[PDB]
Structure formats: structure tokens, C-alpha cells
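2 protein chains.
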Amino acid sequence: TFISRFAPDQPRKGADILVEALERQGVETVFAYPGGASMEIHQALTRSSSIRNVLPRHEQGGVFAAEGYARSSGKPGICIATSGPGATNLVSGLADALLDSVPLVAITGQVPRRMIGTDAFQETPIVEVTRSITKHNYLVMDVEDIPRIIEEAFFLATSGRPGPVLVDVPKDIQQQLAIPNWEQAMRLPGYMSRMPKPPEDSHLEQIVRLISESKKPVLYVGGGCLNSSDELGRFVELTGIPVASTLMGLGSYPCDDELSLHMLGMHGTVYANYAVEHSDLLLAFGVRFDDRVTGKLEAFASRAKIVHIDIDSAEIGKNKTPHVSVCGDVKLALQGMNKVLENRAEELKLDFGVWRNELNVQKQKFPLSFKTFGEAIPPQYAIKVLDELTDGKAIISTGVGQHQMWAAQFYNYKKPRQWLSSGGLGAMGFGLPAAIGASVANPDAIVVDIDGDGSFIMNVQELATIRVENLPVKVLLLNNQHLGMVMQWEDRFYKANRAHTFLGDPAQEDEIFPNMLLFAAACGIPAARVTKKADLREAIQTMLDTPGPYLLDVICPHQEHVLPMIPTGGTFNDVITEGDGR
Amino acid sequence: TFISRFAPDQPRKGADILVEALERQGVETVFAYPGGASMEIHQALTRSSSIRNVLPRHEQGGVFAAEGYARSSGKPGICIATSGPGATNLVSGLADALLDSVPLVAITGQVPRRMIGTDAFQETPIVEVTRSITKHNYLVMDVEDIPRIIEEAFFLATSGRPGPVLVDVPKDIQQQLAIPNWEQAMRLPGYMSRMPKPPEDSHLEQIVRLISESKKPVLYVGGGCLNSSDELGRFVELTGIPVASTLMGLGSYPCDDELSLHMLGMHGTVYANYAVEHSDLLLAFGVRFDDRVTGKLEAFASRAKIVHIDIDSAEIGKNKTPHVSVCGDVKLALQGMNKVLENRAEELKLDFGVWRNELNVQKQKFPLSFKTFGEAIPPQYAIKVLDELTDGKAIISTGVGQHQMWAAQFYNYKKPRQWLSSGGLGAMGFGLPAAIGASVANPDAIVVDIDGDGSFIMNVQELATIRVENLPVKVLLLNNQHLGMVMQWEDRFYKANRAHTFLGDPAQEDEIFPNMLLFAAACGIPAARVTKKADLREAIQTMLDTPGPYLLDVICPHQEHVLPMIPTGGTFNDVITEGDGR
Ligand SMILES: Cc1cc2nc3c(=O)[nH]c(=O)nc-3n(C[C@H](O)[C@H](O)[C@H](O)COP(=O)(O)OP(=O)(O)OC[C@H]3O[C@@H](n4cnc5c(N)ncnc54)[C@H](O)[C@@H]3O)c2cc1C
Ligand SMILES: Cc1cc2nc3c(=O)[nH]c(=O)nc-3n(C[C@H](O)[C@H](O)[C@H](O)COP(=O)(O)OP(=O)(O)OC[C@H]3O[C@@H](n4cnc5c(N)ncnc54)[C@H](O)[C@@H]3O)c2cc1C
Ligand SMILES: Cc1ncc(C[n+]2c([C@@](C)(O)OO)sc(CCOP(=O)(O)OP(=O)(O)O)c2C)c(N)n1
Ligand SMILES: Cc1ncc(C[n+]2c([C@@](C)(O)OO)sc(CCOP(=O)(O)OP(=O)(O)O)c2C)c(N)n1
Ligand SMILES: COc1cc(OC)nc(NC(=O)NS(=O)(=O)N(C)S(C)(=O)=O)n1
Ligand SMILES: COc1cc(OC)nc(NC(=O)NS(=O)(=O)N(C)S(C)(=O)=O)n1
Ligand SMILES: [Mg+2]
Ligand SMILES: [Mg+2]
Ligand SMILES: [Mg+2]
Ligand SMILES: [Mg+2]
Ligand SMILES: [Mg+2]
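Just so you know, the sequences run in chain order A and A'. A prime marks a further copy of an entry chain.
Under the deposited numbering, read the first sequence as residues 86 to 667, first letter to last.
Under the deposited numbering, read the second sequence as residues 86 to 667, first letter to last.
There's no promise every hint is true.
Claimed, not checked - With a Cα cut of at most 20 angstroms, we get these calculated SDA-like pairs of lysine to any residue:
| hint | chain 1 | residue 1 | chain 2 | residue 2 |
| --- | --- | --- | --- | --- |
| 1 | A | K618 | A | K416 |
| 2 | A | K220 | A' | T203 |
| 3 | A' | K220 | A | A461 |
| 4 | A' | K282 | A | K282 |
| 5 | A | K403 | A' | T203 |
| 6 | A' | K403 | A | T203 |
| 7 | A' | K220 | A | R199 |
| 8 | A | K282 | A' | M200 |
I should point out that these hints are in silico values taken from the structure, not numbers from a laboratory.
Kindly produce the complete structure, drawing on both the sequences and the hints.
The structure is reproduced here in C-alpha cells:
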């Protein structure tokens, strides 16, 4: 039974209805930045004793913090901004949440309804702007529509395929007095009629029948299995099928397990891409067949019967036509198949040891490799030390670039929602704010931001947010003085012609620029720099043991390349296995 | 005090709320065509004892009838259609009502909300289709929004610059039981804040000051003066300024008056275009400066101080920048100027007899002329006889073409709303259905459809509507066996090369095809054909004296041309005064 701060017959401001609408949704943390259009909302937030606001230093850091809050907990992330410039700073976060299917609810202030369309002070048509980069958006035109729209916003953002939902609230609606009606029915008739239903037994028995008829099955797990870690693990025990995860599906099946093929795709392991290339049954659970995994669609799984399970009917058959399809929750599809695989266990006699040994041979001949040059710190080795010292139980958020791939390859994630990274949009500056949202949603957890010197500096202002909110956010900065991912593509396909990829100072060429330690010192965050490989283990241990925030500037040779690499539009026969920029 | 057919606490169907919402708006006549999506609305219409439905034989005839109902009475015209094909047949009428600023409310049925977007049976996104050809449209998503949307639809359609408003109602909303709330406030905050205000005295006194300083003033009256016939006539008495009307503003100032310059523009009189060309003060009241009047904007009123009064701020300065502007109702602007012109009458000493004599000389040397060839009926002469036999008190609706121009030139309209014609869009097949709506709104009036053989046949099916509803609609069909307007442009600018403009039968070339008399006979309408000029006066008299509907097939030589003619993009020096196709 919800206990309101107002009487059921007492009129209250629309902003007070908005905050209470969040309280009735279970919202405990918002990321709001104040402004003229949203001052009424911020005043109403102070009256709430259950909703905590984490003030960022940039609205892009506020929406990215809402993503990490959502990616690391399954709950929806709520960010609030003002009209005009405050709303336009959320654009990168909204498009990022849409491509990665992150439940998010963004509330933006707006000019009064009478001033909309008049080029008013700090007015931008944020609904027209964000319609193509959000799952759905609203423009509240009456104070009585607030309880319904907020309920519809959280329902659309969390149900089906999750995504961001923006709610634009004009200022005159926030100030208008009204008595809210919390019993209104949602006006989503076509959406609810198209919601997926529990999977039929005829579809599940046909999948189990294809498993027994197959000799080389491979599991294709992605971001749709973040809530099916137990169901997927039970499915692997009953089948013994090796698991290949996407960049979004890391942690769904433990990377340290013997049946794990780790990541597949452009920068996936050689044995994971080998398994899909020479498979006869591809179980695509919670994936969307991105070109980062398939490359050339004509050659991707060219000899496999494709079984695609997805909660979005628009994804089934988009880039590749499957043989058997199941539109619904992969969590329920696994539960239904586990019952069939257990009763009919001895009837099926499932054993793929011959196919697994074919992959174990490929795993031992082409494993993830990194070369150590003298005392220079290998970035792959540094992340491998972080795995050991944290026992693989740390929540990892990353930026975008070479460090993002090495953090995915050389860290064994035991559970999903430990791996927070921008995969669909690939937005730099995501690592640091996402670690803020993850640390708030998981206070007793080890949160480490494996960031790059280019991605870290984009939202470096959020270091002040970490200090003020006293969050134990660790920053494992892999500094290579370059935009490493773009630098790698210059060495491979452009004759190493540098085109504005060096991030240091050309005057003092051999000086670490910028001095990231002074960035942490400016915000009162203890920091240290490590350059020699021998001092690396003690430095990372000091970062973890030191209470509160900590930044570790790890210097790495910039000539390193992420391996292996399948060029864009290439096949498995075009995989690059060796080479760098020396 | 409105008396409902339902108790204030009695639930009723949404369709019954829709009809009662029309009753509360004063609606007495609708033009509805039944269909699967709108059957609930038609069932609710039979329960209404005050709303009469005129069933057309084509939805395009239904919306055109709603236009004539609106153009001839000032009331809004209401047409109803079903989803899919019924709604798409209203498109030509909606775009026609928008360009001519006709108050219109179109109600279309729609598939249930759960089926929208699923390519359902008889589903078309009529809101997406008609958004650019309507003033505003709605998609009712809840039964409780019906009383508000209908009130907003009639308010937007009739206030400010009138226009068509479409209301899409899904079938499940029509069937849902609810208790309507007729006290809801309209959600039009930005529209009402931008509504024009009464004109200030400083703007009106500056206009009167320019009148006394001018020596060659010309009134530029258009469709915005349809409700200011008395105010405009009072303004002319106090100033003595000659009046030049547009195709839409005919009747605002009597054509038979000595101070009337008749119509101006491409097919306007030579003396009306001469007055604007050699004027020093142009009083543009209720016009939009169409290229059919200006031609080449650089030479249109090149020596005149332009005073533009318009209720739409977007029209002031669009195609030509004025010196003095007044944004508001021209009815109030005339009332304010009449008070200044009467008190300061002897102070101003207004007299433009020298400028009027300069125009009277041009009027006598270049009047509207037509040539009579033997006993062949001149189409200009036939309309001139209709003026005499009806004393100029008949409501005239026309199609589009040569007959439309001759009906505008050779008929003296005493009051506005006697002249119903498609000017902005220029849609053929408008004359016959518009006469239906005018005859219903004005039962005791003489309604005559001056139609062309091409325009009349497009909506010839509405002859059945005239007979069933027993409407005294007269059809003065000027039959020239050709698409005369397109034929005229072939003779002038294409060496008389006929390109599918002959409407008769090439096998029987000298036979009147089709036999329009049998079209009227099929619908039980008395008809007759007149070919000799001597029998023309008795034939038109028989049409008027015969009670009920009547069709008069007037045969005219097709070689006639509408004169004078200013070519597209031309100036006053390029006016064509003589010539035809012989
Ligand atoms: C520099 C860089 C390099 C990259 N390289 C790689 C790479 O080498 N390999 C790689 O894999 N990625 C890589 N990516 C990431 C990438 O572009 C995509 O995010 C990824 O390839 C696709 O993730 P996904 O297949 O799991 O689909 P997601 O984006 O995770 O979407 C989930 C899918 O499952 C479905 N789904 C969601 N919920 C459910 C449910 N409850 N039940 C059933 N289905 C559900 C959704 O409809 C959707 O189709 C890289 C990104 C960057 C920035
Ligand atoms: C074959 C053909 C030939 C044509 N040739 C000619 C021609 O020779 N001459 C000619 O004039 N037309 C001709 N037209 C008609 C034409 O294209 C336009 O409809 C016409 O030229 C413009 O009419 P209007 O200036 O009165 O503006 P309208 O279309 O009548 O609009 C009214 C204007 O007044 C304003 N207004 C409305 N209500 C009010 C109010 N209460 N107070 C103040 N302002 C108000 C509106 O904002 C709008 O700007 C022809 C049409 C056809 C089909
Ligand atoms: C907001 C934004 N701007 C530009 C981007 C284009 N990209 C990249 C990519 C993969 O998206 O190329 O398509 S990666 C990259 C450079 C990475 O700098 P680093 O943080 O130092 O990481 P590293 O460990 O050194 O490699 C750029 C400039 C981007 N994604 N986001
Ligand atoms: C729905 C529609 N289709 C085609 C049209 C293009 N036009 C015309 C025009 C001016 O719009 O040319 O731009 S006029 C015209 C032919 C008029 O046939 P009539 O009825 O016989 O009249 P008349 O007394 O003989 O001259 C055509 C074909 C039109 N306006 N509406
Ligand atoms: C807090 O700092 C400021 C500064 C400032 O100008 C200097 N104005 C305001 N307040 C408003 O502007 N109110 S308003 O007129 O309703 N708006 C258009 S809005 C919705 O807020 O964008 N706050
Ligand atoms: C009257 O003639 C018909 C014919 C016909 O098919 C032969 N079906 C119906 N009725 C419906 O179709 N109802 S419905 O399913 O809700 N619709 C999709 S709708 C809103 O009406 O388009 N009426
Ligand atoms: Mg499909
Ligand atoms: Mg870098
Ligand atoms: Mg203007
Ligand atoms: Mg027809
Ligand atoms: Mg004709």
C-alpha cells in the first residue's frame, strides 16, 4: 500500500504529481540537472524522502549514469534535464540506450504550452528530435495525463524489447494544481495486443528435435539473455553445446567455464568464429545478427540450420532467414526446453564430445595472445591482473576503443550485468558515468571503469560527481596517448598515415599528456601512475584496497593491436591473427 | 439549455456521444456515407431527431456538398465517411476547403485501435494522409476525448482563418459505453494565445491618413470579406474608392454598382487590372495575393502603398511586403475606420472623382465583350439571361473551366455567399454537389449549377441525390463538347494541337456526346436542350418555373475563348483582349 505525502482530496502541483508518479513506480535514484524549465521538478524532488538525486556535471553524464544504473540492475534508469540545451545533451544517451535495448525513462522540461513553436527561450522540439532515437516519447499537454503517461513510459521502457522513453513536460503543467487519478488505464491497445505470448510446445519440441539430429551445434547468445543466466546454464548442462557470446551477452554464460567459446565476431576469438563457421545448428538466443558478428551474411553460418529466438518480431528474419523461429521471451523458451530435455534425456542421448574436441583443438592452437615487450605494460595483461585481484566479481564499465575490446577478451565475467559497455552505438565517454550509475545501484560492489585516454577525458567532469557522492569508483585508465582503435585501422588499411589520432602534446612528444593524475587531484580523488610491468600488480592492488574513488593511470605502448580482427565485410577465411604497428 | 436524449448518469455508446456532440454544436445537416467502420455513427444518427443526413452517391460528392453548405451559409459543413476508401474519397474536398478557407468538419471511421498499423481491412492512415491538406486533424484514442475533440474541431474550423478539420474515430471507441463530460476545457493554449486581437486605433488612423494623402486608391477585396458586406459598403460610401474583387470575393461589393470594377486578375476586367497597375494606394482587404491576381509580383501595383489587412499573420508579407499592415478581422477593421471617416469627414474632404473618371474612361473603352455567331448560343449571353430572369438573387455554384469564368464575369452578385466556386484548388466536379449543400442550407433560394460538360459528368451520380432529397437544384450546363479551358491554352500556346481535350465521340463527331438529358432522365429529373439563341430565353425561364430539379443542356460553340487573359507570369502590358479558335 503506497503512502502519499498529500491527501487524496488535496490539490498539488503537477511537478509533485510527477515525483509521486515516480515513487509509485519504485524509483529510488534519479540523475537530474536543474534548469529554468525543470525547477519545479527539482523543488518537488527535495520534498521526496525516498528519491535520491545524483547531480551530474553534464546531462550526457546524467543519461549515461542512468544507463549504467539500468545495465547493472535490470531496473529502469531515470534521468531528468531541462529544456533546450539540457535536453539536447541527452541525445547521445537516448540513441545509445535504443541500440542496446536499455530500459530508460528520460524526463525533460519544456517551455509553457502557449510558447511552444514560438522560438522561445531555451526551446527545442525535443520530441521531434528524439522520435527516431527513442522507443517512444510523449508531450504532456494536460496535468491530468501525468499519472497515465508516466505509467505508460515505464511500461514501454521495461516490457518487451527494452528501450528509452522520453517524457516532455511543459513548465505550466508542472505548476498547475490538480488532484491526480492513479487508477487510469493505460492507452496502449495495439502494443499490448502485439506483445509476445508464452512459447508453444510445438515450436519447442521442434527445436529439441533439431538438437538431436545435429552433430555440430553452437549457441549464439546475446544481450537478450541478461535475465536468463540460470535458465541458460541449465540448458547447457542438458545439451553440452558450446556457448559463444556477443559483446552484449558477455557474462550470460561464464567465460571461465570449459564449455565457453568466449566472444565471437570481428574481435572475437578464433575458435568461436570457427565454431559458427563449421556448425550445422545455430541456436541464436537473444541476438540481432549484427554485422560485427556476421560480417558477410552470405558466409556467416553457411552450413547451419538457424534457430532464432527473439522477443522482437522485427528482428526475426531481418538480416538472415532462420529455419525455426520462436517469437517471445528467451527466458520462457529455455524453461520449456529444459523440461523436455530432462524427461526425454535418456531417449535423446545427447553427446557432442566429438564436436567439442574439434573446438578444443582450435582453442589450443589459436588462443587469445598478447606479446610482452620488456618492462612495458601490456594492456591485455593489466586487465588479466584486475580479473585475478577481483576474483572476476567486479562490475566493469568501459569506453569505446581498443581498451573496450581487451576488457571484453581478458576478463572472465561470471554473471550478466557485470559488463556495461556501449556496443550498438559505441559512444565514447560512456565508461566513467556508467560506473557512477552502477556504483549507486550496487553500493557494496567493486565498480571499475576500464577507460581509454580519449574516452575518459570526454566526460572527465563526472569525477566531481564521484567525489561529491562519495562513490567507490575505480578507474583503470589504459593510457596509450592515442585514439587507439582509429590508429589501428590507420596502420592496417591506410599505411600508418596518422590523421589526428595522437592525443598528446606534439611539443613534448614523450610526455604523458594530459596529466590525468591532476584531473583526479582536482576533484580530490587519490590517483597514481604505473609504467613498469613489475609494479603493475601492486598498483592495481592499491587501487582496490584504497577506500573510495581511485584512478590508476596505466601507461601502455600505443603500437598494440586488438587481435584477432576480421575486416569489415570479410569472412572467417579473412581473419587477421598476428601483427601490430612496429 | 440543451436537452439530451440520455440521462446525465446513463452510459451510452461513443457513437451516441459523437452525435450529441454535433447536436450541441448546432449541427442540423450532415453528409454521411455508411461503411463498416462508421456503422455505429449511422445508427446513432437515426436516433437523432434534429440532425438530418443527406446520403450522397460518392464521398467526394459528400464533402463537396459540405462545402456548398458552408460557403452559402457561413456555418461549418459536416461530412462523414467510413475508413479506407470512404476516407480517401474526401481528399479532394479537404484540400479544396483548405485553399479556399472553408469551415469544414470531416468525421471518418477507423479500424479499432488494436488493429491500427496492421494493414487491416479497409485501413488507411488518413491522419498521416490529410495532415498537409487540413487545418488540423485528430485520432480519437479514448471515448472520453470525444466531447473535447469535437469542440476543438468546430472551434478550429470556424475561428480565425477557417479550414477543414478531420476527426478519425476508431470503431471500438464508437461502441464503448461511457458517460460524457460536456464541461471539459479545450486544450488549445498556443492557438488561442496567437488569435488576432481587435485592431488598435493607431493602425487604423494611419490607414485613414494614407487615404487622404492618396490620389488613385483601389480596393482589393477578397474572400476574407464574406462577412463584411455591410461594413465594406459603408466604407465605400465614406471614401468613394472603386472596388476590385477576387474570384473568392465576388458579391462582397455588388457588381452592378457604379463603383464596382468587377473581378481582377488573369481573367479579370481590363479596367480592374488598369486601376491596380496605376494606383498609389492599394487597400488589400481579405486577400492572399495569389499569382492569379498579381502575375509577375515585381510589376503588380508597382506604384502603390500597399495596405494589407488579414486575419492570418503568415499571409502578411508572404508574396509582397506592404507599407501598413493590420493583423485581425477585416470586419472590425472596417468598423473602426468607418467611425474615423464619419467624424473626420469634413476634415478630410475625400474626393476621388478625377481618379474614378480615369477608370470610367477605361471601363467604356475596354468592357467585357462577347461575339454572337449567327444563331449559336454565346455562353456569356446565356449566363447574362440567367442574371436577368433571376434578378441576380440566385445562388450560383460552378465547376472549373471556361464556364466558371463566364459565370463570374457575366453575373452580378448582390451579396456574398451567392458565389460558390473552387478557386484555390480549382477542383472539377464541384458545381453539382455544392449546389446540393447550398439548396439544403437555403431551401427557399434559387440554386443554379453553371457547370461544364467535363466537370458535370465527374460527379453526375449526385443527380440521384438531388431527386431522392427533392432539391430544387437547377443545372445550367454550358456544353461545348470539350475541356474548354485546356482547349483554350492549346490554341494560344500550342498551335491548337488537341491533346485529349475533346469529350465527345469521334465516330459521331457532330453528335452531342454524352446525351446529358438521359442522365437527368435516369434520375427522374426533367431536362431539355436548347441550341438556338432565340429559344434560349424561354428555355431558361422554363427551368426556373418548373418546380424541383431541372437540367438545361445549353449547346455552345467550342471555339470561344475567355477574355481578357493575362498569360502566366505576365504583366498588365501583356493582356490579351481579342481572339479565339477560328
Ligand atoms: C569498437 C566495437 C567493436 C565491437 N566488436 C564486436 C565484436 O567483435 N563482437 C560482438 O559480438 N560485438 C561487437 N560490437 C558490439 C556490437 O556492435 C553489437 O552491440 C553486438 O554485435 C550485437 O549485440 P546482440 O547480438 O547481443 O544484440 P542486442 O543489441 O544485445 O539486442 C538484444 C537482442 O535480443 C532480443 N531480446 C532482448 N530481450 C529479449 C528477451 N527477454 N527475450 C528474447 N529476446 C530478447 C532483442 O530483440 C534484440 O534483438 C562492437 C562494438 C564496438 C563499439
Ligand atoms: C480556372 C481558374 C481561374 C482563376 N482565375 C482567377 C482570376 O482571374 N482572378 C482571381 O481573383 N482569381 C482567379 N482564380 C481563383 C484563385 O486561384 C484564388 O482563389 C484567388 O485568386 C485568391 O482569392 P483571395 O485573394 O480572395 O484569397 P482567399 O483564398 O479567399 O483567402 C482569404 C484570405 O483573407 C483572409 N481572411 C479570411 N478571413 C478573414 C477575416 N475574417 N478577416 C480578415 N481576413 C480574412 C485569409 O487569411 C486569406 O489570406 C481562378 C481560379 C480558377 C480555378
Ligand atoms: C563519441 C565518439 N566519438 C568518436 C568515436 C569514433 N571512435 C571509435 C569507433 C570504434 O567508434 O570508431 O567508429 S574508437 C575511437 C578512439 C578511442 O579512443 P580511446 O579512448 O583512447 O580508446 P583506445 O583504447 O585508445 O582505442 C574513436 C575516436 C566514438 N566511438 N565515439
Ligand atoms: C478534377 C480536375 N481535373 C483536371 C483539372 C484541369 N482542368 C482545368 C484547370 C483550369 O484546372 O487546369 O489547371 S479546367 C479543365 C477542363 C474543364 O472542363 P469543362 O467542365 O468542360 O469546363 P469548360 O467550360 O468547357 O472549360 C481541366 C481538365 C481540374 N481543374 N480539375
Ligand atoms: C533559472 O534560470 C532562469 C533564467 C531565466 O532567464 C534569465 N529565466 C528563467 N525562467 C524562465 O525562463 N521561465 S519561462 O519563461 O516559463 N521559460 C521560457 S522556461 C520553461 O523556464 O524555459 N530561469
Ligand atoms: C458492413 O460491411 C462489412 C463488411 C465486412 O467484411 C465483409 N466487415 C464489416 N465489419 C468490420 O469489418 N468490423 S472490424 O473488423 O472492426 N473492421 C476492421 S472495420 C472498423 O469495420 O473496418 N462490415
Ligand atoms: Mg519476420
Ligand atoms: Mg587511447
Ligand atoms: Mg509577416
Ligand atoms: Mg464519379
Ligand atoms: Mg466543356
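Broken hints, numbered, in rising order?
Violated: hints 1, 3 and 4.
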